[PDB]
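S.K.: Each chain, letter by letter, is given below.
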Amino acid sequence: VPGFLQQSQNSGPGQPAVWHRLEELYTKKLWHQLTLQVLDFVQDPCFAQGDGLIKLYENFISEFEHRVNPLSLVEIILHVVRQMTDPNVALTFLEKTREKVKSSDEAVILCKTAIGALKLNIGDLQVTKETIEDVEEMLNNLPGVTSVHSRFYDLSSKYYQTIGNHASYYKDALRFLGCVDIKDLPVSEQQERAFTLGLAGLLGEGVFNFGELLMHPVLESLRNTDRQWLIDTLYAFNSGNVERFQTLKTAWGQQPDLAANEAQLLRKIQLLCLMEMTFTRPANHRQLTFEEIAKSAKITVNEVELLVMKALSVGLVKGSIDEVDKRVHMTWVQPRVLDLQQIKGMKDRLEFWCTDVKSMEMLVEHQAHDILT
Amino acid sequence: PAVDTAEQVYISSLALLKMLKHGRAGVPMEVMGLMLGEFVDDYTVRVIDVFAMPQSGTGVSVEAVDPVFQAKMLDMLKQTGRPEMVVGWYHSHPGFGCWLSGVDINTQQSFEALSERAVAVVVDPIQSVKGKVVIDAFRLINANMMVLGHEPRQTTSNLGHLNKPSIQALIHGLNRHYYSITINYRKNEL
Amino acid sequence: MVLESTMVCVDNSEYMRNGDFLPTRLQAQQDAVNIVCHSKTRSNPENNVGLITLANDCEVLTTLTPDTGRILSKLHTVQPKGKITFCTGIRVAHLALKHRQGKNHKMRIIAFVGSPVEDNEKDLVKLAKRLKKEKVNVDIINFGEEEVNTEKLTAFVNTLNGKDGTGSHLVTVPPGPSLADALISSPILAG
Amino acid sequence: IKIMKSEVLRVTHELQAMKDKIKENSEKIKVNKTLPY
Amino acid sequence: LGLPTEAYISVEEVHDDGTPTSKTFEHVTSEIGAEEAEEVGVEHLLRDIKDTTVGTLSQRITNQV
Ligand SMILES: [Zn+2]
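Protein chains in written order, with the deposited numbering: chain a, 4 to 376; chain c, 23 to 212; chain b, 1 to 191; chain F, 52 to 88; chain Z, 131 to 195.
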């Protein structure tokens, strides 16, 4: 074994420093500093043309390890399979690495995420769903690791390149960004994640809440100069305003997935415009006239009726529609995100409410003093 | 000297609730348990706490007073911070009325052997109907004193206000062997 | 023959997952607790021993019980996937020792330091001063990879008891193949 | 030597304690039996 | 005022809307019920401040207050 590493000492910056350094830990029957060192040297920036050399050593270090952390082992085999780039035998390699550690240690889930990742390129539809399902059901009893969840949500985001994954991709991307907090990746990757999450939200048939536009740290902090319009558009989709100037602004860019869906985007804009316009109502004159809707959503007076019908049918409005006066009665079961000024105003309203309650309670106890007992 | 009719038993609210709950739970079978607390003085019996004991096939009797369970629970409650001493024993008489049978008499002298002022508490769970808690406290009088022209207990005061006892105790020989102790439940404001 | 309570502190951090000692440090430390508790209890059968783990938590899996069997029971399947927090380990050891059932047993602490200790110097010296003010004897023994003869640890044991005290030892182990024979020659026979 | 002593003491302790639990539970059962039926 | 008991359950989730995870204690509603023996015990234990269950005007007005 020492001769094997001596003859293959090359292919590393500072030929001794790359391999004999971890050999120094190896000779002293050590497997924790050694695994960290080999992890770091795998992450060392190289083509890793010596991968064919490391595997045997890895196999050697896998033949009588009996101490190495399975999580570090799978973290190294994912890089190994990324480097070797032979999907035909990769599947067997991951399967045998998974079977060689069958203990209760939760490293198998990472291997399942890896086989899903390398499997979402060839044969990505028939049984990859089974892989995702077994991963998610096995994802139980230990939510504090936060790495296996990250891998599962990475796989789910990988699945986004399908016909019917827009809102679900948005939810899983939210879960991923919740799992990993700090930067720990280039600004380009983070802004790409925020961008894809944004287009998922705009195209999400089942999502219109957009409560994380100004609440999610990633997209709010990112994208100040590089195609920043997205956050602005998100603001529009939370402001309900016309702002179709911004819609065309993002129409010049991102021509695919938006030029073909401009119609659905306009319908979504109109629905959120209805939501905003009856949110701005003073809560006493909740009735909405036809002309204000027509002039706000810049739609004909014969379409407001069907628009509010669609909004009520979806489950965001619980009002009613009149026609002789054509005033749409309004009641709400679909809340929204607040803001500092809105919170201040609404807590002032609550203070008024509590003052009225206290005044009537005082009057009641004063008038009913004798009967009280 | 002779005990006084002014003597009364202070039962904490928790103790009373525990005894009634155990009596209902063990119905129709008769249960029993120790009565932790402190005598404090001659005229008071403070029942701070009561803990149930496992039910044995012999029923309420001395062989069902397994010392392993009692000793372990006593020392370990004192470890928690409850260092009381046994002041008596409660037991259940469902549908019988508050009185002592012969076996209860043997258990009561066995209890008086180590603690002279032990108290036997009888609770009727089924008879403890809403708004009526049938509970009584007794202590044995040996035949030697009462036969020898001596009153079983001196009435130094007017605390003998305890009304005419239920005739069931009279048929079961209340005053012949076990003088009843007037009851006084102690309730804190919390 | 001296009445005492032994409050052992074992380690199950990830740093016990390299074969520096024996097959691995887990069985080395298990046999170490075995022999030390054996010596303590055959020295006096009226004593009692317990164990606290230290990896990212501090569990009291076995309280202060005379029967060593429970300590041997919970020493098993320790699953070394944690991180050592020595600052709270000795604190919880003393806080469990103050729950002593007998009021005549003497203080005695054994802690299994197998990982480097990430503690402030002021924090450890004030811990030692508090131990002085509360009259608790602590013996620290070091295994595995570790900065040999820690200045913080040697100061901690020096100010644990000063000015001609009993002499609570700071025991280090020779790296490589070595049992606790050195750990029983000096420390076990005399404290 | 590790496996033999380790698991021998393990299963011996578990068997002894569990047999003690057997004996206590059985004794309580029989003392609950009594008579008559 | 009332309800001296607050029941809390530990939950563990990704917090759905992308927030850092923590333990957190989700609240579960609680109420004070009683068993028949405990019911008679407590009613006899009070026996001096228990209000009439029929209510009547004074106690309904105090309930409103
Ligand atoms: Zn009886």
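FYI, nobody ran anything at the bench for these hints, they're computed from the structure. Just so you know, not all the hints are guaranteed correct.
Unchecked claim - Computed footprint of chain a on chain Z; a stretch qualifies when at least three of its residues, placed anywhere within it, have a C-beta under 8 Å from a C-beta of chain a:
#1 149-158
#2 172-179
What the hints assert, rightly or not - A few chain F residues that face chain c, going by a derived Cβ cut-off under 7 Å, partial list only:
#3 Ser57
#4 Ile80
#5 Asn83
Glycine residues also receive a C-beta, built at the ideal position from the N, C-alpha and C atoms.
S.K.: State for each hint whether it applies.
M.R.: To see whether the hints hold, each was checked on the structure:
With 3 residues bearing a CB less than 8 Å from a CB of chain a, the stretch 149-158 of chain Z meets the requirement of three and the coverage assertion stands. Note: the stretch 172-179 of chain Z has 0 residues with beta-carbon separation from chain a under 8 Å; the three-residue rule is not met and the coverage is violated. Interface restraint check: F/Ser57 against chain c, minimum CB-CB distance 32 Å, threshold 7 Å, status violated. The interface hint given for F/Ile80 is broken, as the beta carbon of that residue sits about 10 Å from the closest beta carbon of chain c, more than 7 Å.
Interface restraint check for F/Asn83: the shortest CB-CB distance to chain c comes to about 5 Å, inside 7 Å, so the restraint holds.
Going down the numbered hints, you'll see the structure goes against 2, 3 and 4, while the others check out.
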